[PDB]
Amino acid sequence: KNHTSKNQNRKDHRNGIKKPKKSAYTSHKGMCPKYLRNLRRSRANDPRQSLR
Amino acid sequence: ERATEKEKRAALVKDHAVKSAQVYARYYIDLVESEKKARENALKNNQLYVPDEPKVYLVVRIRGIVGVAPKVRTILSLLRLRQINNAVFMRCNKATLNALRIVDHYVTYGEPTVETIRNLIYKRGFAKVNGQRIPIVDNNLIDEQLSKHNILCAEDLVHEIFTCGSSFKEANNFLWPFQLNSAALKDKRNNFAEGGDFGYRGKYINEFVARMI
Amino acid sequence: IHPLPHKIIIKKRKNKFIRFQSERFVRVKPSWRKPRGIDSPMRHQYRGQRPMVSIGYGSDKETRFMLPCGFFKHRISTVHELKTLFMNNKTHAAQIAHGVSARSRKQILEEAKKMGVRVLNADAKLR
Amino acid sequence: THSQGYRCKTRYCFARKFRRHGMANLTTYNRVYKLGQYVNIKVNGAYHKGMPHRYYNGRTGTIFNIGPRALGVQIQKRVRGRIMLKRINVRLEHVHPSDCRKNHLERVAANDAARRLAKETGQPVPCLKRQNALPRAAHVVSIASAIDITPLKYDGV
Amino acid sequence: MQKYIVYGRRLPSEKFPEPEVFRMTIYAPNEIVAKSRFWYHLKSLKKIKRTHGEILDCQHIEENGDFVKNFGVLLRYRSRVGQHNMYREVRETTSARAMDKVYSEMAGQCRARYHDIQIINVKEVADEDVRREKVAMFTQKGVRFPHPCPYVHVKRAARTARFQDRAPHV
Amino acid sequence: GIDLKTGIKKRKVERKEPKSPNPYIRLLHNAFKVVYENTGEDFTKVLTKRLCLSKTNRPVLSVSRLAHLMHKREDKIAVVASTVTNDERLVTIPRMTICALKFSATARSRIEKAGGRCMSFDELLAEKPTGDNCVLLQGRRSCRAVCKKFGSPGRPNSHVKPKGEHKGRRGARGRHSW
RNA sequence: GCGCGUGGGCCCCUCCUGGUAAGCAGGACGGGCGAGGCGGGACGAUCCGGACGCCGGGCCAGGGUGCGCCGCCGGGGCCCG
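Residue numbers (the entry's author numbering), protein chains in the order written: chain Lc, 5 to 56; chain LH, 23 to 235; chain Lf, 6 to 132; chain LU, 2 to 158; chain LT, 2 to 171; chain LR, 2 to 179.
Some hints could be false.
[As the list claims (entries may be wrong)] Some residues of chain LR that are not near chain LH, with every Cβ distance over 12 Å (derived):
id	residue
1	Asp4
2	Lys6
3	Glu15
4	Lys46
5	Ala115
6	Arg118
7	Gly140
8	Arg141
9	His160
[To be verified] Simulated restraints on C-beta separations:
id	chain 1	residue 1	chain 2	residue 2	range
10	LU	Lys35	LH	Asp52	55 to 61 Å
11	LH	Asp52	LU	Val141	31 to 37 Å
12	LU	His140	LH	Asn195	29 to 35 Å
13	LH	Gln105	LT	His116	28 to 34 Å
14	LH	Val40	LU	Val141	33 to 39 Å
15	LR	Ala173	LU	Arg83	26 to 32 Å
16	LU	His54	Lc	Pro51	42 to 48 Å
17	Lf	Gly42	LH	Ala91	33 to 39 Å
18	LT	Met2	LU	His140	48 to 54 Å
19	LT	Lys156	LU	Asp156	26 to 32 Å
20	LH	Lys208	Lf	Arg52	28 to 34 Å
21	Lc	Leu55	LU	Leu118	46 to 52 Å
22	LH	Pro157	LR	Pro157	58 to 64 Å
23	LH	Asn195	LR	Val136	25 to 31 Å
Hints are computed from structural coordinates only; laboratory data are not their basis.
Ideal placement from N, C-alpha and C gives every residue a C-beta, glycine not left out.
Construct the complete structure from the given sequences, taking the supplied hints into account.
Set out below in structure tokens:
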């Protein structure tokens with residue numbers, strides 16, 4: 005056999021079809037830098053601020 | 023004090039049962055009479071009285087667990103039919119009835135009569151308490167798990183299942199899927215319409231399950 | 006010498022489990038060994054193959070380890086062991102070891118009679 | 002499949018419709034998009050920059066990033082036994098707003114509306130749960146006009 | 002086998018408030034086969050699928066067996082080569098019984114099963130009009146015929162009595 | 002045959018008993034389990050599982066972390082299921098009541114000098130078996146050097162250090178060097 | 001988290017491709033055998049049913065019911081397997 009796709013979909017669905025995990029949806033990877041800098045500037049004020 | 027509460031509760035369920043058994047019996051008798059009178063009125067008017075569409079079906083798996091297709095297996099597991107000769111009651115809605123047609127080859131279904139429901143609930147009925155198969159031998163076990171749904175006694179149970187009432191899902195889930203004797207089966211390969219056994223048997227499910235109980 | 010009443014003792018298989026092909030070859034001993042061949046008719050348990058050892062054949066816990074008399078067995082080598090091991094049990098019976106000499110087996114039998122302890126091999130080395 | 006280029010088997014997928022060849026309507030560039038909006042991805046053949054891949058055609062995603070000219074959208078792609086969140090940047094011509102949850106948004110509004118209306122008049126609360134068809138009621142049908150119908154004879158040969 | 006007059010209509014729609022009620026007489030072993038054969042005819046004749054339609058009633062007809070009547074059935078059957086039409090007359094006590102006779106003769110001679118035979122018309126033919134010679138033979142009042150099979154009685158009796166002192170005379 | 006392979010997803014392994022040869026740890030686990038059976042207090046449900054944990058699962062908690070954790074609640078008795086250790090970095094330890102499986106000698110002296118009481122699990126069972134006025138605290142599990150290296154180094158999104166010295170250009174100096 | 005075996009597959013369905021075809025060579029959803037005992041198709045790794053602790057009773061699938069060989073009779077039609 006040069007190639008077979010038989011059983012491949014039984015193996016995939018045996019313990020698989022898994023969700024991409026949380027923190028992947030709310031990841032900042034590939035978000036515009038200028039927006040991310042604005043977010044950090046806004047967060048660092050009053051209740052959101054986490055510095056001393 | 024717990025024994026005193028148990029004695030008091032037992033009487034309340036027995037009292038509810040001595041009344042319900044008689045209330046429900048009138049409802050079943052009236053249903054036969056009401057359809058008959060409505061039919062008589064319709065024929066005088068040259069009209070036809072259509073009866074109400076079935077609201078509950080008794081589904082019995084008639085095929086084995088070997089070589090089952092993945093969709094078929096998934097649907098059968100949701101019907102709770104995981105072994106051959108197992109029987110369950112399901113509500114009739116487009117969501118259940120479209121799924122049942124996909125698994126028709128593996129099952130036989132029909133509208134159940136009240137006597138067929140009573141015999142299954144009494145002779146073969148087992149609860150699902152703590153994920154265990156606990157035999158339903160008394161009205162106390164039904165009261166314990168279904169008092170919230172007002173299903174205090176066995177007559178309430180064979181009534182909810184038959185009328186497909188508000189607490190049908192709770193009542194049906196309380197019952198471990200029925201385990202029955204082996205069916206006669208003229209032909210497992212074809213549909214009851216083609217003269218086999220699979221698919222809609224209609225009123226004939228009552229006859230089919232009779233021997234199995 | 007008479008034990009507790011007990012229940013019927015059901016032995017799931019009366020005959021011993023014999024190794025496959027022990028009959029054909031002397032080199033293959035009858036002691037049970039699990040078949041592990043790629044094409045072994047006994048591994049496949051085909052029709053007419055010899056029965057396979059399984060936990061299902063296990064005896065009832067209540068009547069397991071019980072001698073045909075109805076008393077379980079305790080192996081005795083010295084009078085102290087009879088006095089200590091058979092401490093008022095009505096369930097177990099004594100059985101003197103093969104090694105114990107005739108001279109000692111008279112003093113082991115005598116203490117047993119005083120303690121009312123059944124000895125399964127009472128008539129051993131008797132001359 | 003000896004050759005696997007970025008645009009293979011795209012003869013029909015990345016080709017414009019019978020009378021739709023031409024320049025994108027200005028609405029595509031005038032539609033406001035907000036983060037978390039569901040957007041369907043359908044390639045436009047005319048536009049060759051920001052084009053997604055043939056897999057992404059027919060997929061619905063949420064806008065993780067909004068950027069000067071292209072919106073970043075995250076779809077779920079089933080790779081073997083795992084679905085992976087594939088973040089892609091797609092130019093406006095190939096991203097169209099999805100009705101998607103529009104039914105749910107309508108339902109949330111209608112359920113709340115039919116709750117307040119009841120508090121005022123028609124006090125019993127309405128059933129705000131979907132019922133999947135259900136069986137038909139008994140009803141009555143006149144068979145006065147009933148027509149007999151019979152199997153017809155064969156005439157083909 | 003039982004004779005069921007089945008009524009059915011398309012589901013009521015905004016486009017048509019009362020769809021037409023259709024009536025067919027279907028001969029079937031049970032009600033579920035009769036409602037299936039109803040929809041098979043409805044799908045072809047009036048373009049009504051079961052999903053798009055309702056069964057108003059499946060009334061079972063009781064037929065008297067007091068007297069043998071000449072019956073005439075016009076049907077269409079599919080052979081391996083292609084479909085054909087056929088008129089068969091059978092004399093039977095009831096119309097369902099005559100349909101059973103027609104189905105058994107079709108299975109025996111034309112090798113056609115119930116599903117591949119459509120019953121265009123079932124009527125009670127008069128004694129005067131009997132195109133089939135077999136039915137015409139018994140139609141005349143005086144019909145003395147010697148027993149067709151008196152061998153069967155002695156062969157049947159001999160199953161219980163395997164060994165007999167004499168060979169039985171018929 | 003019954004189809005038990007559909008909506009059913011195998012069984013899980015959870016340590017229900019401590020693998021510790023120490024007789025003391027077994028004595029407390031059985032005691033805390035007996036309390037849990039009779040009164041299903043969730044503080045005792047966790048303590049019973051915190052005594053069954055492995056050494057790696059049970060990390061050390063210093064008197065510096067405990068001071069920070071109990072900053073708003075001096076009255077509450079810290080309950081640690083591992084070793085309490087001294088932090089020479091913190092010059093002054095506050096008075097705190099801590100109950101642990103072991104206190105380092107340097108830590109034990111410091112807590113007593115502060116006026117705090119170093120309790121033991123047996124003492125906690127005698128005074129507060131259900132866990133009243135007690136906080137179940139835990140050290141940082143993923144602080145082990147072994148945890149830092151878990152993963153496939155050399156994968157683009159892995160962000161983990163390689164196990165050996167390696168000392169070469171290919172694959173290290175950025176995505177392009179692969 | 002740590003690892004093992006495996007990376008020669010084959011067969012039935014279904015649409016396939018090349019070839020005159022093939023128990024041929026290549027694809028593919030699903031299932032089976034591999035690694036599934038057992039009853040049946042005379043025989044048969046895969047077909048039809050049914051997937052296996054050890055037993056006793058009952059029911060009964062699939063396949064059948066002259067005799068070998070457990071188990072059949074009734075009715076309608078045909079009628080040189």
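Checked hints:
1. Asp4: violated, 5 Å
2. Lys6: violated, 8 Å
3. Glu15: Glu15 (chain LR) clear of chain LH: closest Cβ-Cβ about 18 Å, beyond 12 Å.
4. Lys46: holds, 19 Å
5. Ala115: holds, 50 Å
6. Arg118: Non-interface label stands for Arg118 (chain LR): nearest chain LH Cβ at 42 Å, farther than 12 Å.
7. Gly140: holds, 37 Å
8. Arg141: Check passes; 37 Å lies beyond 12 Å.
9. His160: Given that every Cβ of chain LH is farther than 12 Å from that of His160 (chain LR), nearest at about 38 Å, it holds.
10. LU:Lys35 <-> LH:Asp52: 55 to 61 Å: holds, 59 Å
11. LH:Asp52 <-> LU:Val141: 31 to 37 Å: violated, 19 Å
12. LU:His140 <-> LH:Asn195: 29 to 35 Å: Distance hint for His140 (chain LU), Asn195 (chain LH) holds at roughly 32 Å.
13. LH:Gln105 <-> LT:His116: 28 to 34 Å: Given a distance of about 32 Å, which is inside 28 to 34 Å, the answer is holds.
14. LH:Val40 <-> LU:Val141: 33 to 39 Å: holds, 38 Å
15. LR:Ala173 <-> LU:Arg83: 26 to 32 Å: Between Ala173 (chain LR) and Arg83 (chain LU), where Cβ atoms are some 28 Å apart, the hint holds.
16. LU:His54 <-> Lc:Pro51: 42 to 48 Å: Given about 43 Å between the Cβ atoms, the range holds.
17. Lf:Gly42 <-> LH:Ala91: 33 to 39 Å: holds, 35 Å
18. LT:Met2 <-> LU:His140: 48 to 54 Å: Given a distance of about 30 Å, which is not inside 48 to 54 Å, the answer is violated.
19. LT:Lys156 <-> LU:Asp156: 26 to 32 Å: violated, 49 Å
20. LH:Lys208 <-> Lf:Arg52: 28 to 34 Å: holds, 30 Å
21. Lc:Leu55 <-> LU:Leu118: 46 to 52 Å: holds, 50 Å
22. LH:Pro157 <-> LR:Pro157: 58 to 64 Å: Taking Cβ atoms as reference, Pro157 (chain LH) and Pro157 (chain LR) lie about 60 Å apart, which means the hint holds.
23. LH:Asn195 <-> LR:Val136: 25 to 31 Å: Distance hint for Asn195 (chain LH), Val136 (chain LR) is violated at roughly 40 Å.
Comparing the model with each numbered hint stated earlier shows that hints 1, 2, 11, 18, 19 and 23 do not hold.
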